Amino acid sequence: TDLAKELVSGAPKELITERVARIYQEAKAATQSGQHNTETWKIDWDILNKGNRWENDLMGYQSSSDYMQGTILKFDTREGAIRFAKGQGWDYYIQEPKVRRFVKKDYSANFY
Amino acid sequence: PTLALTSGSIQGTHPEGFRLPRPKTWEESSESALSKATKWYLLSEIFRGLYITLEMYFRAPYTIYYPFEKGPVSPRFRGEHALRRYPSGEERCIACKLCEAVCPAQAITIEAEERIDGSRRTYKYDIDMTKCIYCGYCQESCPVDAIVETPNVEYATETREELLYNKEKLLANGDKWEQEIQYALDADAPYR
Amino acid sequence: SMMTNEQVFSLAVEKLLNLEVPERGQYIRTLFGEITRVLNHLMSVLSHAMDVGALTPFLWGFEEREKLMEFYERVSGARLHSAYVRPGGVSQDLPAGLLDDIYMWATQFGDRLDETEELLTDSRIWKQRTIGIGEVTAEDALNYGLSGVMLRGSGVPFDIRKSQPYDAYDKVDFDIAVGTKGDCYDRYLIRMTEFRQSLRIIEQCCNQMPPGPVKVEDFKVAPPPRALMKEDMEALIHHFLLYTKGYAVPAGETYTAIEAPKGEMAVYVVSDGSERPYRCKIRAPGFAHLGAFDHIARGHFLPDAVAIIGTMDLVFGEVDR
Amino acid sequence: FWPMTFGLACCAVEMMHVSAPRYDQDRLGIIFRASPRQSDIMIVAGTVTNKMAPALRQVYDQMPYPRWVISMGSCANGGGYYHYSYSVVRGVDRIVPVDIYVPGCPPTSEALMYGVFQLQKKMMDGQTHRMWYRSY
Amino acid sequence: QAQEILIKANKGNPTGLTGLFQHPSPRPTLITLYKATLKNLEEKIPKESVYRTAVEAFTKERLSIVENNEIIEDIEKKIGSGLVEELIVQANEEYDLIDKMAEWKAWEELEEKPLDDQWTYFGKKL
Amino acid sequence: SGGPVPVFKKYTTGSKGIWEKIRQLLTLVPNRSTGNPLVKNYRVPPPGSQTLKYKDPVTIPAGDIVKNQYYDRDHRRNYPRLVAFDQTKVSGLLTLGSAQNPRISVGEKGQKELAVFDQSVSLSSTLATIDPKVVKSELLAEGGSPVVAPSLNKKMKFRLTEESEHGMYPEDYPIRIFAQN
Amino acid sequence: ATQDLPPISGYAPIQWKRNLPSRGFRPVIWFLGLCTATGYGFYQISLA
Amino acid sequence: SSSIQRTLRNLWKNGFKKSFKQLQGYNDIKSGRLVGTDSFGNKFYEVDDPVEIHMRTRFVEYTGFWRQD
Amino acid sequence: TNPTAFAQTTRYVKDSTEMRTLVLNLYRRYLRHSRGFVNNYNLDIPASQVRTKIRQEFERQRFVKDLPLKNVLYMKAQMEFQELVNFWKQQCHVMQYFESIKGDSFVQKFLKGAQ
Amino acid sequence: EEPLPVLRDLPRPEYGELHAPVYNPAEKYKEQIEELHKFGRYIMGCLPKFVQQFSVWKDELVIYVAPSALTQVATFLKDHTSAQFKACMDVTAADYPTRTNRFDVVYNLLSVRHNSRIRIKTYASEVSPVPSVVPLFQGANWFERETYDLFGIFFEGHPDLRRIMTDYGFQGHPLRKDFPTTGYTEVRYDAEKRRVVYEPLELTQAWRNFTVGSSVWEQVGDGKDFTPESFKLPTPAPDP
Ligand SMILES: CCCCCCCCCCCC(=O)OC[C@H](COP(=O)(O)OCC[N+](C)(C)C)OC(=O)CCCCCCCCCCC
Ligand SMILES: CCCCCCCCCCCC(=O)OC[C@H](COP(=O)(O)OCC[N+](C)(C)C)OC(=O)CCCCCCCCCCC
Ligand code: SF4
Ligand code: SF4
Ligand code: SF4
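Quick mapping for you: the protein sequence lines, in order, are chains A, B, C, D, E, F, G, H, I and J. For what it's worth, full-length UniProt numbering labels the leading residue of the first sequence as 36, then goes sequentially. For what it's worth, full-length UniProt numbering labels the leading residue of the second sequence as 31, then goes sequentially. For what it's worth, full-length UniProt numbering labels the leading residue of the third sequence as 162, then goes sequentially. For what it's worth, full-length UniProt numbering labels the leading residue of the fourth sequence as 69, then goes sequentially. For what it's worth, full-length UniProt numbering labels the leading residue of the fifth sequence as 9, then goes sequentially. For what it's worth, full-length UniProt numbering labels the leading residue of the sixth sequence as 2, then goes sequentially. For what it's worth, full-length UniProt numbering labels the leading residue of the seventh sequence as 2, then goes sequentially. For what it's worth, full-length UniProt numbering labels the leading residue of the eighth sequence as 2, then goes sequentially. Mapping of the ninth sequence onto full-length UniProt numbering: residues 2 to 102, 109 to 122, in sequence order. For what it's worth, full-length UniProt numbering labels the leading residue of the tenth sequence as 42, then goes sequentially.
For reference, chain A alone in the conformation it holds in the complex:
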């Protein structure tokens, strides 16, 4: 836990001093009634304020310089995500998932 495992991972120093990762649980999509994607905790990185995306003039391609733009880690528990982020010495913040309040729902309430 306290071990600074980033000294041996080989990742560049910019992951620690310049990038911010978000630990979050995916919110339920408003267009679908499934909840499978909300059962896992994920880690992604905030975009670079400049150079995240720019248009290549030759073909209109989406050019980028962020090498972490397409990396999304998967975790089964919130504690596991925190332990891994702490182990790598990342600057992170946790977005607590919104919980749906339970309200009783019955067919009789359509008239009463």
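Source of the hints: derived by calculation from the structure; they are not laboratory data. For each residue, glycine too, the CB sits at the ideal point set by N, CA and C. Heads up, a few of these hints could be off.
[To be verified] The calculated DSSO-like cross-link candidates involving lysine-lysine, where the alpha carbons are at most 30 Å apart (straight line), are:
hint, chain 1, residue 1, chain 2, residue 2
1, A, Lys48, I, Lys116
2, F, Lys155, C, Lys391
3, A, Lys48, I, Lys90
4, I, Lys119, A, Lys48
5, E, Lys55, F, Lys155
6, J, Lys71, F, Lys155
7, J, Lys218, F, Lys158
8, C, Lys342, E, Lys85
9, J, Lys218, B, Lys127
10, J, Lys273, F, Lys110
11, F, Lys68, J, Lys79
12, E, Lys132, J, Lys218
13, E, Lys132, J, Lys71
14, H, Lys44, F, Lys41
15, F, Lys137, F, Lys110
16, E, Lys68, F, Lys137
17, E, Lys47, E, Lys108
18, F, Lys137, E, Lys86
19, J, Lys71, C, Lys381
20, B, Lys197, B, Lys127
21, F, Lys155, F, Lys137
22, E, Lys47, J, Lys79
23, E, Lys113, E, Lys132
24, F, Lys155, J, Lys218
25, C, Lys381, C, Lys406
26, E, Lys47, F, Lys137
27, G, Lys18, F, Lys10
28, E, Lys121, F, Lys41
29, E, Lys43, C, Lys342
30, E, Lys133, C, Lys381
31, I, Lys77, A, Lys109
32, I, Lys71, A, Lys48
[To be verified] Here are a few chain E residues that sit away from chain B, every Cβ distance over 10 Å (derived from the structure):
hint, residue
33, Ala44
34, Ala65
35, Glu69
36, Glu75
37, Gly90
38, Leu91
39, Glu101
40, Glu111
Fit chains B, C, D, E, F, G, H, I and J with the ligands to the supplied structure of chain A, relying on the hints for placement.
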């Protein structure tokens, strides 16, 4: 009861005759020393190998005279890509973005919107020929047979820029190669 | 050996998917599995002989590759990288007339093998370059993870097609050649026997090819036919989802191995219940063979190293996957 | 036309079939040489990795002039299947100048021969000695 | 005492396996290895060990077969674990394993328990 | 058996008339083919000009419009579950027996024994104090014989064959041929 | 009919076993020819 | 197929001008029955000679004399 | 199988005092091969600058306290040493290693775009 | 002298409506599942001190052990007469960042003797050492080098551990989940420096993440139970 008593197995049991016989000595040769020396000194097998090679010298070769002659092709062959039209001239593609999703190399870029007349059409269809692996997944996934691969292979270019096909290049290829694509489709569509 | 590489990954996913290929599909992957093996041995043995100095057999057999690669292109449209064998069967059914063309080639391929052996098998120069070169003991072959001809050259009769039959290999009759001295010459003789045994299997597949579907009758894994796709609502949905999201595989792991022409090729695939593999470890027989090069080639001379490299059938895409 | 034996990956297999009896590149005067000194054509047939890129540049520099480079297959052209790989060069043109690009995965034996024919057409249009007379 | 016994011969007629030569004294070598194996079990490994129970069961079976069959082929055809030259190798390796098992003390409690989250994959505990 | 076949039975272009007689005289093996495919037989109908009318093959039990409920053939969702046996469950199977051969008391007296193996129970302690006949009958096989590693294919046997059968190199070459047996 | 299948009777058998028959005279005959050529060759050399 | 008699037959059927053009690009003297012409001007032939090999029964005559594409 | 030249057997050191000696022993090996590094890779700098560079890299991990991290750091340093001495690295890599090079103010980054 | 028949014109069989069995592919492994359960239990009984647990899936047996128990279990599975796994066909790893120990180190053994395969599973962290099975299996030398190169696992006792796949001086371990698929740097030829140099990664077209289109519904249920009846905890008889 099995061979577990002796910690053995059927698979571990070597068949009869597995052990090699005793090797032969110099006194058990079938051929005489003079006979073995005649083959050895006169290079019996070397002249046999020479004779076989000379036989091919009087046989028909396999070479074909490209580009005056072409090798066999099949309707399933995958080559240069093209965008096809309906017989009325309307583009077949409805910008459904199936081919972009399947593409293992992510060589297809599609941008779409409502057409001026309201049709669901694309205004940007790019294929990186330097990135495509010519695998045919886009052709298989197309619900309207809009994107196909022609049997064409002779389109090598001086510059790498010319291998970045846009919608105009792909549509022009479809018009240019429409007749040859029709040949392949009429013979391969039943098998799909 | 492209189609054998697809077969081992296809078998791994099918085993994880708990699905079974239909009868005709299994025969097709068996027929092209041995056609692939003939293609690999043509590249392996002749290039091994070319490195030693026999240039002519390389040219003779590479025309036989052209005939066999035409079979690859007829059923898939790709001469070399034919994405034909897929999890759940094959991409497409055989075009009409393929079996007749395969059989007509089969009646003639026997003579090509004999003419190849005319220059190598009994040549005194060839035997001086292979006999006693790169000897591997049976004890050390197992300990270094050697497989296939490398393992069978040292006297160990082990073959995956017999140890763990797959894809209709249990319905054809063939033999395995086993060496005694464990050197390059024994491995050359084994690969020539495997040439004739593969031709023996190809003949049986042509005669015993059954009717029926070539892919699993399950549209949640196998794409539906195009004609059915454009008329059926459910077929369109399954076609749409198979190409956009793919099919999910139940969570778990597998280690599936096949008797590849190079040896034992295995894949360790980890599934997480999603449509993308979580981990795919590819086991390369050439990677293990080259790891024993130091133990095998020590004490030999420089030209012997070239023979040892050739006798291992090394393709460095497989090694460096 | 003497190319150099520089087979890297599966694209090299199709390059071997050009020398096969069916096409017989030797009938056009094409001989593959093992040394950069004796070769004037560099055919990049396979994937160029970062570990391999310095070796490719050194071999290219060891070819005496005049010299031409052919980029065959999606790997050499733009990386192909391994474009988004951490250890793959996205096009051999990042290291050496390319005279002709041959598309395909792999390009067929006739596709490579067509590219060679295009290069030979370009070579026949050279005006090296008339350039000295008129342009210099 | 000094009972120097040949395990793998470096010379002689081949057995069909590369690097494995014929053993000059097949039967006597196995008899000593089997009897020494049985004695070593009774002096190093306790009775409650399952490993000791299983080794004695098959070592005695292989010892009885060797002592009742003069023909080498009949010995292999009943043990079913390869040639006698291979059986000598197996006897030596099994004899050395008992010595390693005694040092390991592999019959005791689990030396290292796994963590609670150790053998869990994607939320399901195996 | 794949014995020698005459040249005219192979689908290759051959010689005719006097040139066939000359070939038989000069060639060491006259029955070998030249390897040139017959122009009048090989690939004469090209794949793009085949007259066959293809139809999608469908089996009855799994591709019919009746008696074809999908869940009856839904093998993917009926996959085997992943079960791991730790030393606690193995001790329970050893002490209480299995469901195939129950050795657990009845009623409430039996549920007390089951609740023992709901926490950590070492197998070494279980083996230390247990009837030895159980180990010889459950953990071991054939009255104490060790459990041999199970074969992946019990029909993987072999038999040594001679040249007159397999048609490969004679006995003086340093390889041998094993059949299925 | 609606698929690619082998004929009803099946395909005729093919040749796949080794076919490399020996050719030429016995080695003793070649040895005698060498001695006969050497004897006659030295005879003509001696005459010259 | 590589016999000199085949070349002499094709030389007679084609004539001097047709064969010399083949001797400049084709590296081979061939004759065949005309099948048709394309919009670019190329001519396409099919060979009925029994001595021709499998893959050499169809060929093209390009419009250009010194260069072919 | 014989290990290559300058190959060490990987070992996990459980004593902090012993680990210090191993680092010091490896530190001297780098200094002794500094001239060999200049000769083999044909560098544009004298061997004195190489030894300064080696000291700077070693001093970056001087204050590492965790023993498990030391074993990984020492193991990778041994692998790096073996790579350089055996001439496995290409000359371009070593040239770029020594081709490593006051920060800009807030406005200077602001005017150009910053990060 | 007879002409060869035209294979195209040969008559072909006529088939009606085809039939095919419908059964679970897991049914054919019923003998393999039970035999591996007994053999897996025999190993745990022989090594209660080392074998944490074992699992059986169809025809694949997996043994789970601690890093401190890897050498003993591998030695037992190599030299025991009933389990002669002389060949170590593969050594690999998998990354699970969720767990305290990220990596599962997997050993696939083959027994040509009894025609059997077995698997050994242990665990490791980024700094924890794993015993090297190179003294036992010489073929694991390159596999352990590959595992370290792509994961960074500390193999203690390896005679020569170094990179085997990545470029010389490569930074990072690609097969870790936090390692980006495109890496951090790329190479090009610098005309000024007359050599190939490494530069920070910039992509003309960024890799598009289409994996976010995964289904929002679970696709496979809880599955079917295929545990042998001889390996289920018994249910006590009901009340009198
Ligand atoms: C005349 C001068 C030119 C030829 C000189 C060399 C000829 C061979 C000498 C040794 C023969 C030998 O040793 O003969 C013995 C061998 C093999 O027969 P075997 O194994 O005993 O057969 C077994 C017993 N039978 C005979 C009852 C079946 O025969 C050969 O392989 C003959 C080779 C013939 C093909 C090549 C001939 C043309 C060569 C190319 C043109 C220059
Ligand atoms: C008295 C009559 C004199 C005859 C004169 C001619 C003698 C020729 C040499 C015979 C001995 C020999 O070829 O020997 C073979 C030697 C050494 O072989 P080795 O190591 O001893 O093993 C063999 C002995 N065994 C079986 C007892 C173990 O190597 C070679 O393969 C040399 C191959 C050279 C091939 C060159 C052919 C070029 C084309 C020629 C045709 C136009
Ligand atoms: S053929 Fe395959 S790789 Fe090429 S564009 Fe189509 S889907 Fe992409
Ligand atoms: S799959 Fe066909 S219709 Fe859909 S976007 Fe691609 S080309 Fe257009
Ligand atoms: S472009 Fe395709 S065929 Fe060529 S080397 Fe790359 S993957 Fe292989």
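**OP:** For the pair we were handed, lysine 218 of chain J and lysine 158 of chain F, check the Cα-Cα distance against 30 Å.
**Re:** violated (45 Å)
Original post:
Is it true that the CA of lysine 68 of chain E sits at most 30 Å from the CA of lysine 137 of chain F?
Top reply: Roughly 16 Å between the alpha carbons, so the hint for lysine 68 of chain E and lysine 137 of chain F holds.
**OP:** Would you check the hint for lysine 132 of chain E and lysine 218 of chain J, treating anything up to 30 Å between C-alpha atoms as holding?
**Re:** The hint holds at about 20 Å.
Original post:
Does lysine 68 of chain F pair with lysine 79 of chain J here, judged by a C-alpha cut-off of 30 Å?
Top reply: violated (40 Å)
Subject >> Straight-line alpha-carbon gap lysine 71 of chain J to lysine 381 of chain C, limit 30 Å >> reply: The given pair, whose Cα atoms are some 26 Å apart, holds under the 30 Å limit.
Subject >> Pairwise hint evaluation, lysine 48 of chain A against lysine 71 of chain I, where the allowed Cα distance is 30 Å at most >> reply: Measuring from Cα to Cα gives roughly 19 Å; hence the hint holds.
Original post:
Under the criterion that the straight-line Cα-Cα distance not exceed 30 Å, is the pair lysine 44 of chain H, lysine 41 of chain F satisfied?
Top reply: holds (24 Å)
Original post:
Given the hint that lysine 133 of chain E pairs with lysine 381 of chain C, does the C-alpha gap stay at or below 30 Å?
Top reply: At roughly 28 Å apart (the allowed maximum being 30 Å), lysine 381 of chain C and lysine 133 of chain E satisfy the hint.
Subject >> Holds or violated: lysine 155 of chain F to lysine 137 of chain F, with C-alpha atoms at most 30 Å apart >> reply: Distance of about 25 Å is within 30 Å: holds.
**OP:** Below or equal to 30 Å on CA atoms is what counts here, so check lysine 18 of chain G against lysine 10 of chain F.
**Re:** Holds. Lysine 18 of chain G to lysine 10 of chain F sits at ~16 Å (cutoff 30 Å).
Subject >> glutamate 111 of chain E and chain B, when compared Cβ to Cβ, separated by more than 10 Å >> reply: Nearest chain B Cβ is 23 Å from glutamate 111 of chain E, so the label holds.
Original post:
Is it the case that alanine 65 of chain E keeps its Cβ farther than 10 Å from each residue Cβ in chain B?
Top reply: Violated: least Cβ distance 7 Å, not greater than 10 Å.
Hint compliance for this structure: hints 2, 5, 7, 11, 23, 24, 28, 29, 34, 35, 37 and 38 are broken, all remaining hints hold.
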